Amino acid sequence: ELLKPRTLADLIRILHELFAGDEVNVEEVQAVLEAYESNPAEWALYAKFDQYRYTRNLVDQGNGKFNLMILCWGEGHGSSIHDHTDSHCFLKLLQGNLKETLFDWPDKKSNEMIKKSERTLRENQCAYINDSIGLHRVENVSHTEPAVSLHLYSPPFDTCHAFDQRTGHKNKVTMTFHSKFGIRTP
């Protein structure tokens, strides 16, 4: 029984119930994420920006079944083209807008990675990706508005690949947390 999360804390409680088992019902998780109405006071603690690039701020470690984190995107900040390491990845906008660009897995031949589609993720919308859907890049293309997103990855992963758009070549990146539980972790 999926009820509307009343608050971020309530959402987290619900997520622990939805991830109690071994499998993930993606549509239900996505629906619950979407139904949480972003309330900036509830996540201000986690929304720690860096001037030069987006930051990843751990909110909840789940049952070890998932990482829940908040990403803070300054104007013009964006990600690499990346995969998600055999995990589910949900992305819900808490503030602002992000452009998500989808790419196919490259062939072995060095070739330009051509976008296969793009879309604009708007406040409160929840997107979903996994390796079977493809790779993506996420960008805050705004010149005037920071964006903040809530990401849930299951299982948790701390490495992924970045892909060079000119060639499809990939390199392994270790992801770091800017903060954990509201505490800056330099």
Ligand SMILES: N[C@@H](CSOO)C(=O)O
Contents of the next structure:
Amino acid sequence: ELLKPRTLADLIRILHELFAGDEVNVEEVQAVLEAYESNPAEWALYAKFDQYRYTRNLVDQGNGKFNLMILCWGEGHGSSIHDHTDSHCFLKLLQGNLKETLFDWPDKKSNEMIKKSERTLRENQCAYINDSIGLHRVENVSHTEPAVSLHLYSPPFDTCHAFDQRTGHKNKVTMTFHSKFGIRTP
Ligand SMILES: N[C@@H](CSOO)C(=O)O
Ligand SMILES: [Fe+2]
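Having seen the form solved without the ligand, could you now give me the structure of the form solved in complex with the ligand?
Every component of the complex follows; first up is the chain already shown.
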């Protein structure tokens, strides 16, 4: 039974229940993420920005089944075009707006990767991606407003591929945490 999370801590407790088993009900998880109303005081501890690129801040390590983290995007900060390593990936906006651009998996032949679609993700909305859906790029295109997002990945993963938009060629990247549980982890 899905109830509205009252706070980030409550959301975390609910997520531990939803991931207690071996499978994932994507629509239920997205619905509970969306139902949490962002409260900046509750996540300020994790919202550690860097001037030059977006940061990844671990909030909860789940139950062996997922990682929950907060990403902090300065003005103009964005990602590579990337995949999600055979995992579910939910993104909920906590502050600001992000542009998500979708791309198909490239063919083996070298070619420009042309966007398939794009949308603006707005405060409190929860999006979902997985490799079956495609690849994406996520960007804070604002010149004036930093963005903060809450991401849930299941299973957890710490490597992915970045894709060259000009050719479709991929390179393996190791992801790092800027902080864990509020503690900077240089
Ligand atoms: N997947 C990117 C963020 S966009 O992914 O919803 C990352 O975890 O760094
Ligand atoms: Fe992503």
